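Visitor: In case you want the letters, here they are:
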Amino acid sequence: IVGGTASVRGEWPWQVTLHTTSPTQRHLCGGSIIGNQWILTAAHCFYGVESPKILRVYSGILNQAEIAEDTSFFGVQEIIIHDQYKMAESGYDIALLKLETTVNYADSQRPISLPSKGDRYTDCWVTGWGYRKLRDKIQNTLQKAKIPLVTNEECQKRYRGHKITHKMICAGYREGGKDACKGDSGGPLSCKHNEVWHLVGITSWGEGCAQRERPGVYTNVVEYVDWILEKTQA
Amino acid sequence: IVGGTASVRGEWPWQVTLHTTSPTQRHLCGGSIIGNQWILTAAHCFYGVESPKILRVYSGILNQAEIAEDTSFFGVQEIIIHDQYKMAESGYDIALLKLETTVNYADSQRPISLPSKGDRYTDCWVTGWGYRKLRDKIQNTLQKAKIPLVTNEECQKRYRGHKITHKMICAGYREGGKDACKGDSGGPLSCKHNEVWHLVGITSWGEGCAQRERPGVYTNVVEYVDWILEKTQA
Amino acid sequence: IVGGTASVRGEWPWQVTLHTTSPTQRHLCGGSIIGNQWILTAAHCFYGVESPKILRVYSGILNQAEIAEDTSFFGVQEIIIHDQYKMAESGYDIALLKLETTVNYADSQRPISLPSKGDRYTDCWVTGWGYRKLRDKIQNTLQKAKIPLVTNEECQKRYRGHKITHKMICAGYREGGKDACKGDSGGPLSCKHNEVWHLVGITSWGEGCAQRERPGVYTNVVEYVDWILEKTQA
Ligand SMILES: N=C(N)c1ccc2cc(C(=O)Nc3ccccc3)cc(Nc3ncccn3)c2c1
Ligand SMILES: N=C(N)c1ccc2cc(C(=O)Nc3ccccc3)cc(Nc3ncccn3)c2c1
Ligand SMILES: N=C(N)c1ccc2cc(C(=O)Nc3ccccc3)cc(Nc3ncccn3)c2c1
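Residue numbers (full-length UniProt numbering), protein chains in the order written: chain A, 388 to 507, 511 to 624; chain B, 388 to 507, 511 to 624; chain C, 388 to 507, 511 to 624.
In isolation and in its complexed conformation, chain A is listed as follows:
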């Protein structure tokens, strides 16, 4: 996250850090708890991941320093990537992780509500342990930044070489300065409406990070609520 600040412990209890253990353990992406056995994240996080055996999901984390070899984690039983996904910039950048065990909800870890088709937001935040600038490194403390949504027409003007579809949502300041970046991929764009937090977007792509006239692009979660229901069925 560029231009953000440190989060308060437990203020984004749906946020997870997804690690890979290959070659050595490191944070790979963000994600969101949406159900007792389910994390919603970005499909592009799984480039080159041939097996879910190398993944670990950590919930209830503020600082990456909390994660040691003796820290509990959730194993991943299955990676479900949208069957129309090819690459972040062409959309469908959404994936589910089915966990091996169920999350026990607590003040530190609980699910975020999915947006309602009926709500198709002025208090939106992007969170993560990603870079603070394009060439940087993973941050210890979960960062947060408040960013305004921009219309799809506005976003399209900023990305003339792309097709900004109704299955994408954009957020950014005209002058830049606050945005998601590498490593924030897969995490939430969370919006508070009528005192309830909604998972409105999934961090997906953008040209650089926090540049002027280059909003962040996110998967528009409401366009996938039918897909999420279909894929999370027994």
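Be aware that a few hints might be false.
Which copy? The list can't say, so a pair holds if one copy fits it or any two copies do.
[What the hints assert, rightly or not] The calculated SDA-like cross-link candidates involving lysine to any residue, where the alpha carbons are at most 25 Å apart (straight line), are:
#	residue 1	residue 2
1	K536	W515
2	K527	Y492
3	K553	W425
4	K473	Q623
5	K527	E620
6	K572	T531
7	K553	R507
8	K553	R396
9	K523	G567
10	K553	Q464
11	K536	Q623
12	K572	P410
13	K557	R413
14	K582	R550
15	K504	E476
16	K553	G462
17	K572	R525
18	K553	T488
19	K572	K621
20	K473	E398
21	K621	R507
No lab work stands behind these hints, which were simulated from the structure alone.
Given chain A, work out where chains B and C with the ligands should sit, using these hints.
Guide: Using the frame of chain A, we list chains B and C with the ligands on its own:
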């Protein structure tokens, strides 16, 4: 219906009583007229029904005592159950009855409008001839009860062993006392908005009837308007 | 267009005139620029069209007199008709034309935004070079008429022999007098909302033109945004 009152004759002209003639004739479920040849109802009503030949639809009824062997009815040519339906509690609880003859609309019998995707309600009523308590019997006079809708987040808290999906809608009072019950299955949850009645829900399931902190669960009809259009085509 | 007035040059820069060259060149239908290589129009325009080789799309036109044998046009590489389309009156009346070359946007020719599912209008206009009455001829100057939308319930009362679905939108005055007509087929029903023009409808059918109690029927474009995205993908 628990905690309801007798309806005025003709005030719910889309409501039908669906009877089975097997082994002897009795009310089986409610339904709603949505087209000249079409009744919308719940799929769970058809457990063990192997043929539409045993069904009779009666329109324009207030009291079951109006139904005698000499009373006119509509035969059922076809039962169309949603192909994803398995059981009420897992959703897709929706079915169409294609009638053998067409309904001639009148002050006693006319169709209810389907909800618009654009309207994704404070004046909602559930109606039927079902039980007044869990272990009871079919009622003579069509009953009505005004019940507030509850959010899907609220409903989910009341049914922790279920998945309350966006394809379901819930309605009930926190203290209970008014609800649908056995025998109301398949009937409408009708909401009046901008002076027009909309078929918002279909009576589907609930734990007990009218219990405290146990809202009634209904099929969210707006999530099926595309299915209804597809299935009612020639 | 019945009861309209001449347009100002460039005030509907998404409007195109689609011509056929067979047997001799003439205006066939209207359409709307929605992308650099894409025109959205009505499927019924292509009755008897066996090849896209006979089509020519002209952009930036006010008067048909501007079109001469030396006027530039866009060739059509492919006609994509909705696979559920059979006839205008039963819906799915939508088609895409993939152009052979891309449109270079200018003050005279630019795309209209598609409606958002979130916007599911009081300033709606229908435009075209069609007839001014049922038995007439193509008009030289692009005509415009402001027409109010009517609800689908109201529209259904006016077309009792048809099924007015949620995939259709109607517009008209109770007393008639302003409407689209033959030759306006395929053109836009454009609505201005929050200072942005949205392509809300595609001119499709109606009984006569501008008759009392016979609104114009249009394809409800918002119900096709997923189809448009699917079909315009590489
Ligand atoms: N500005 C953003 N909102 C954003 C969000 C996520 C990103 C993820 C990657 C990303 O997935 N990075 C990546 C992953 C694997 C391998 C290589 C790069 C790359 C980004 N942008 C970028 N721009 C220019 C050059 C490099 N990166 C993002 C911007
Ligand atoms: N409270 C409700 N809104 C509701 C609505 C419909 C129902 C239909 C059946 C239903 O379909 N009953 C049934 C049908 C066939 C065979 C056996 C039972 C059963 C219900 N609840 C219930 N709860 C506990 C024990 C028994 N029933 C309902 C509640
Ligand atoms: N009133 C309208 N909004 C409307 C719009 C488009 C139409 C297109 C055709 C149309 O597609 N005409 C056509 C095309 C090819 C062959 C024959 C007729 C026919 C119409 N109406 C009509 N009504 C009665 C008798 C004839 N036409 C329309 C009304």
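Visitor: Provide an ascending list of the numbers of those earlier hints which the structure does not satisfy.
Guide: Result: hints 2, 5, 8, 11, 13, 19 and 20 break, sorted rising.
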